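Got a structure here, written out as structure tokens. Questions coming.
The complex appears here without one of its protein chains, the remainder shown in place.
Chain naming follows the written order as A, B, C and D, and within any one chain the residues start at number 1.
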Amino acid sequence: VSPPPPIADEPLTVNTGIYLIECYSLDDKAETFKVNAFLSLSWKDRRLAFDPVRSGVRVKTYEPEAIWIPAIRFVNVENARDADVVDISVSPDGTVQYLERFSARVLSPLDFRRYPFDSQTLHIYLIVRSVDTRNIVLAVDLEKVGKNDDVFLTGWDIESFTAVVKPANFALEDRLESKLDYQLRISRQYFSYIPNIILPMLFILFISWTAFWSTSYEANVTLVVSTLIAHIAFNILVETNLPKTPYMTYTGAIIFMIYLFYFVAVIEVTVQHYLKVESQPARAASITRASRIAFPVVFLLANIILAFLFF
Amino acid sequence: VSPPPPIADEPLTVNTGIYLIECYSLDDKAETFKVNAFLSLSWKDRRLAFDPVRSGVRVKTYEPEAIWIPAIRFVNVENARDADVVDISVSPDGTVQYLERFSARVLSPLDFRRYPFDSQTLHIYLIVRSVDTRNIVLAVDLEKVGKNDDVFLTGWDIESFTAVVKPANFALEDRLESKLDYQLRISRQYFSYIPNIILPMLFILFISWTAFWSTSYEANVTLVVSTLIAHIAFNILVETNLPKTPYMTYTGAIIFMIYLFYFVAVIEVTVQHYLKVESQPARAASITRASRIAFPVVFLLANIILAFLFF
Amino acid sequence: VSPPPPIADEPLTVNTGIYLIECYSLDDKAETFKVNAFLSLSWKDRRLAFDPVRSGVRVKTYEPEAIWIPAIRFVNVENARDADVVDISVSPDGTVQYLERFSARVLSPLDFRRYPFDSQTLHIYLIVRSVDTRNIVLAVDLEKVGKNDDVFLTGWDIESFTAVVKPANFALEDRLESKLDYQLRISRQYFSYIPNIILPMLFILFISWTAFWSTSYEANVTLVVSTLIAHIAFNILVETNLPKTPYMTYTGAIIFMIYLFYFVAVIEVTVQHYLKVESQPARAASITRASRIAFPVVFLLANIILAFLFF
Amino acid sequence: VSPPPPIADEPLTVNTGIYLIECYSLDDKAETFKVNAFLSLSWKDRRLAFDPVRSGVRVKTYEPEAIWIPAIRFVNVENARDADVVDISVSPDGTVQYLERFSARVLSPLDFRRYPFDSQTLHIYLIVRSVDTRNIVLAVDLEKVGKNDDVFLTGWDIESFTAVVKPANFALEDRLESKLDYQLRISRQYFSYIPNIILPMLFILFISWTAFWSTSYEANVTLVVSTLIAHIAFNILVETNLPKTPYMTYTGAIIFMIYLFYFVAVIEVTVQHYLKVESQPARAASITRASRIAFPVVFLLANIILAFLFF
Partner (left out) sequence: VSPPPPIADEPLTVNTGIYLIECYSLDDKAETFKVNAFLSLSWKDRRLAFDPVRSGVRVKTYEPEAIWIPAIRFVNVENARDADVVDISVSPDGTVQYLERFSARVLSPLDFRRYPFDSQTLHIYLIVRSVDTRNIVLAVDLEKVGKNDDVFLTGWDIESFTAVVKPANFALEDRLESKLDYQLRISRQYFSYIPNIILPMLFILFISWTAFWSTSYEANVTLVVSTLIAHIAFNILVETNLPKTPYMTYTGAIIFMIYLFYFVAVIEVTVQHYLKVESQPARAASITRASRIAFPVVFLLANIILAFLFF
């Protein structure tokens, strides 16, 4: 079966629509998401036109094999989508209404800069390759773009699912290609990061600062070194949930900066002990008293600077 | 093959039934479960009606290809179900009895608010889309809804498997969809959480309180910081078995609250040492004696408040 | 193609056999095992009778599509088995000898009560559903039940592979169903648990008891708290190799009980320090001396009681 | 299509060959390896004989469906191999030269006794099942056994890939079976185990022996208990890379033995403290001085005994 011939030299418009049934498995490390959706395609094929008065029938149903169907592919999928043709309906003028239900694993890059207070625009790119006989162009039927009310993505809030109505028409290997951009806007639910990572991380940090109200070097060494080890555990935990980025993430910056606080607390604990052993506890007392204010003040100002730079 | 034509303008009723053979892999992080079951479908097709006397047969067996079969899909499935047609039997009046055995990975959301003492209602949503020629509506044959007595779900107790007999009829892309809700009620076997997480977590916490019967700052720092690190290990362990939720879970709240107890125990240990170094051990003795009562009492009252709020 | 017709009203006997080629992946958490085996089926189909003089062949070979083959399924599989038809041989009377090689992931519940000194009876349930025309019943050809001498299951000893010769015939959705029970008896190789979990766990426990020969509170706190943390690591390790059970496992009980020993050792260490600080070391000396005997004696008696209760 | 008929009562010889293209994924825990290779089969079928000067062609190419091909299977595969028929060439005398490219996951047992200084013999067992018309026997065409020079197996050295030319002919379910043993000899690259596990493990052990040059019980307890915990971490790490064995492996024995050294170091540290508290430091000094030598000596002697027993 060949493509429909043009009336004049016009390209063949394939109107498209995606209706999300299910959203699942947003993998941060992989930068992938799985989707289960309806893909709708519509185009005119005058060769299929019929008289509804004569035929008695208002609509003609077809098997995919029986007619020409545009080969629509997804640009950003891991493997080709698993599709099930739901319906193919032809109206008297030859307008074909194709509907399939598919499942696909989509590769869409994520920006982790503001993690875990980040928002993402996930993409589903539809594409058609033109033939020698005629140029095929994609379009968006907005009446056929949407999502089921029950669509949920664990650990995320779904903001909107829209399509950039204007396709990207470009040449690729001496044939036209017509690409469409379906955008699924999501924002991470940061809630659980507060009681599970952020506040536990701050508690252990504040515990290390109790060494500024202690003259016991042995206890101080234990306080600062022990809490530093728990910070390393949190750093390891955080970096397991994320891919390696050529930029600093928000949490990454805080986590990194906190190492400097532990390092300076050790220097302080060391300086205090050395002075007290050298029979200079008055000087050690001044440094320890200043530290009590300096450490929380510098921590709060540093966080204000970071929050400003990232948001 | 076209759908059965209506006698009058009535929709076609497809009676359904699901009989669970196997239940497995309830994944909490994924919020999925795997099922292996019988799907039964029944509808009247008068074009298939026959005279038992002339034919000799009192039931006719068919191959799926030979006749029209309604395209039934599951809404909440990762990938389309793996089905195997077991039987298709037609009675003289044209009533078709279709049976298939399927396996599917079902996506059903879980409420972790009362974890690990939670109960869930897992869903299997059956759907059918109408055709241009006629509207298809779903029904429940209760005689064909059930589960094998041996059906077990590791870590869970199976309470019931029932169906909401009235479908949720709605329009989707200008065609009627008829959706049925099959509900599998389960309750989590919380038993193992008691010897493996809850009691070890309480033991380490109570160990931190032995610092209220010690004047040794160095030993106290060791007691409270060491047990805090073991609590972080339990928090990490717990959060690996669960997805990130935009709400507090029962265990999550207890785990979080216990951090405040460790924090205040460190403040106490610090205050006691500072006072004793300042030659004020009488005042330190009063704070330590009060702590011995205050810590267990406040812990027990806080847990009563939490248990009340969650149950 | 219809099933073979009866000579009289007798059901159709399908003789079965399973010959294990490979056993692998016994997953404790999943309660599954993977099997690669021969499935042999035999039944009479008089419609397939032939004269070897005419046909010029004593046995006829067929493609599965060419003839009626009973639809044999496995009850307890995750997904439908991967099968490859090896041979189909028809002798002149119409006796069909079907042979397939399959691989399947079998769901079979495990009893961890005596873990890791436990034994299991793994099951492979064969089933057939009757048709309108005639009742199909399963049987066991014992000459065709067995296992390759080289069949090994990593971490287990294979005791026997037998079949319960009498099928379970029962009605399911108004049709007879014929079930067969193939039983693979295995027993766990508990060896590696001794040098990797049990003995390391006892060594750290005995190390904590050296605190009963020390008057150094700071050293004692370190001894008991440090070894308790290593016990938590072993508990976490053990529970990762097992599913969450609504009962106590043997190892689980020992692991749990050992927490009580660590808890009481902390109480002792605390009591000893409090007394020595209160200038009562004579009383502390009595408690410490008693502990030296009490702790190992109570540990040994408690283990005798547990071993008795579990075996 | 039936098998080739015999000239006399001789069995049909199927000459075989395996040429490895890729080797990957040697999974120690699973005791599996993945292979991508050429499988070559050759046999005479006189029914396919032709006159080259009358047919014009010197060699005839066929589609698998067109001719009888022996059903060759692999004994030790997880799931049936993924095969792609590359070529089928028939020479004038009726000699068929079949070539396929396959990929398979091979289940082959491993001997961890000398790990990580172990060598293995991986197996790929080829098998054919005879038919009623004639017995099929396997043979090895050595000219068609080999491996690509670039074949690498990460973490292993590939020594040789040979075939035991004599097949194992045996009856199985009243038909002859002809098995062939293809052997892939490999030896593990132990190198990385030295800087990552062995030397770090020895460093921490030698660190624990610095307690033999210290009279500080509190410091000694810290030295020995801390390093013991790091040894537990290495033991856990090692046992994650290996399956559970009903025998001791080399690393396992060393790892186990080192626990006894930590245990005795604790006894020593305890004995030294008890004596010094009892005002017997002269006796404690003798035990500590003896320990300084006895420990490394016994350690190094015990290692010689182990190396001897294992190699």
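As a working rule, a residue touches a chain if its C-beta (ideal position, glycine included) is under 8 Å from a C-beta of that chain, and two chains touch if they have at least 3 such contacts.
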item	value
Touching the absent chain when the full complex is considered, from D:66, D:165, D:199 or D:298	D:199
Hidden partner chain, touching residue among A:266, A:287 or A:298	A:266
Candidate in contact with the missing chain, chosen from D:49, D:59 or D:307	D:59
Contact partner of the left-out chain, one of D:237, D:301 or D:309	D:237
Residues of chain A in contact with the chain not shown	2, 30-31, 71, 73, 75-80, 107, 109, 129, 131-133, 172-173, 175, 217-218, 221-222, 225-226, 228-229, 232, 235-236, 239, 243-248, 252, 256, 259, 262-263, 266-267, 269-270, 273-274, 277
Absent-chain interface as seen on chain D, which is shown	17, 19, 21-22, 24-25, 34, 36, 38, 40, 58-59, 61, 82, 84, 86-87, 89, 99, 101, 103, 144, 148, 152, 154-155, 189, 191-193, 195-196, 199-200, 203-204, 206-207, 210, 213-216, 218-219, 222-223, 226-227, 229-230, 233-234, 237
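As a working rule, only the chains that are shown with their structure count from here on.
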item	value
Distance from the mean Cα position of chain D to that of chain A, given in whole angstrom	41
Between chain C and chain B, distance of the C-alpha-averaged centres to the nearest whole Å	25
